[PDB]
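Encoded as structure tokens, the following chain is the form deposited in one PDB entry, with no partner shown.
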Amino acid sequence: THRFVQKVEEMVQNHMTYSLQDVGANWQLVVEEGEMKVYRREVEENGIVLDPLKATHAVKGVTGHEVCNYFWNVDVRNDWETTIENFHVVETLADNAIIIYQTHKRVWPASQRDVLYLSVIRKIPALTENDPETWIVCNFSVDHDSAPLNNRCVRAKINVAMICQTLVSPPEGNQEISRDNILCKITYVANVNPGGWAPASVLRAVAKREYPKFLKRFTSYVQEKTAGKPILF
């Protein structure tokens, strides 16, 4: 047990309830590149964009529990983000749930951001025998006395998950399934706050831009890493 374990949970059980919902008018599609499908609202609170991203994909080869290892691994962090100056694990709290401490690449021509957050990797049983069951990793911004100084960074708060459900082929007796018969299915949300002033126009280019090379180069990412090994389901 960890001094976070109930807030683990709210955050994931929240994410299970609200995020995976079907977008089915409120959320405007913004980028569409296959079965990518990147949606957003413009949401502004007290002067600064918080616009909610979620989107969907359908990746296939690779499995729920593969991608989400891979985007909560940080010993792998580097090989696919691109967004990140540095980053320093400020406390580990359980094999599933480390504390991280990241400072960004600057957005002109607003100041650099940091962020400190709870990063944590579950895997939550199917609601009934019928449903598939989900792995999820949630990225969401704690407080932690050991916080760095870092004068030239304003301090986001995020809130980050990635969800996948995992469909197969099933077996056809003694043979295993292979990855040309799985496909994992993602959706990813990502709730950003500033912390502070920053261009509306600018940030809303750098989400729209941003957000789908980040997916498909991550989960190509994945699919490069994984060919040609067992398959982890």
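Only the largest set of C-alpha atoms that superpose within 1.5 Å between the two forms is called the rigid core. Numbering follows the first chain given and starts at 1. Compared with the form deposited in another entry:
- Here the rigid core is superposed between these two forms, and of 129, 75, 145, 95 the C-alpha of 129 is the only one to shift by 2 Å or more.
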The other form holds:
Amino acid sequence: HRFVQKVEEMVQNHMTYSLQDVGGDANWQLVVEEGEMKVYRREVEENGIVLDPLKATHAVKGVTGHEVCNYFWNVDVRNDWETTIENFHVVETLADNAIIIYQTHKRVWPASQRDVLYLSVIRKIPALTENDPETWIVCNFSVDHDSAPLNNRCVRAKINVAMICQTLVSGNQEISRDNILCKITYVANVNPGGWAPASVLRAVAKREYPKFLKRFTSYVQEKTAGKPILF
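What's the form deposited in another entry like, now that we've got the form deposited in one PDB entry?
So it's only the chain below, everything else dropped.
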């Protein structure tokens, strides 16, 4: 499909940069921590646009990266976990692993409602050799599409989001979910597409990103429990 190059650019970008440790960087703050979940933010505002890069890490017992990415990507289960959208639909299917989605986000007073139009792609990045697990990634990034032009009702946000998952598996007996741990890195770079009250936006992000990570990861745990493990 016509976006194959852009997909590879985004996958490469995230594998090169999004797994780099920000813990030693004075500009990055740990804003929320609960259990194995850590949410970081770097405050960035340019010409009255709040861009605050966000990065979170998590470690989720009993699920694989393939499972986590499938659930994050699969639109059929989206409404079971996502709480920040008013509506969404698939604009176009590009490939078995790549779709273009239009969605509107719930309005947060006093700001105008935002909409977003993004390519969502799920990819397996194999290890150097078969004895190593390596990574599953979902990239959600804004693209242009003639069927979803700008409208006068919503401010068009632009996003670059990735969920990156690595799976740790620890006799001749069957592997148990007790011995699997999924290490998650989640990054979100959102351009709100226009002005917003900075403190209101920042408070919403600080509330909603951890809420999402907790809800979504617990959802994957609930839905995979008892089911055969999809490595």
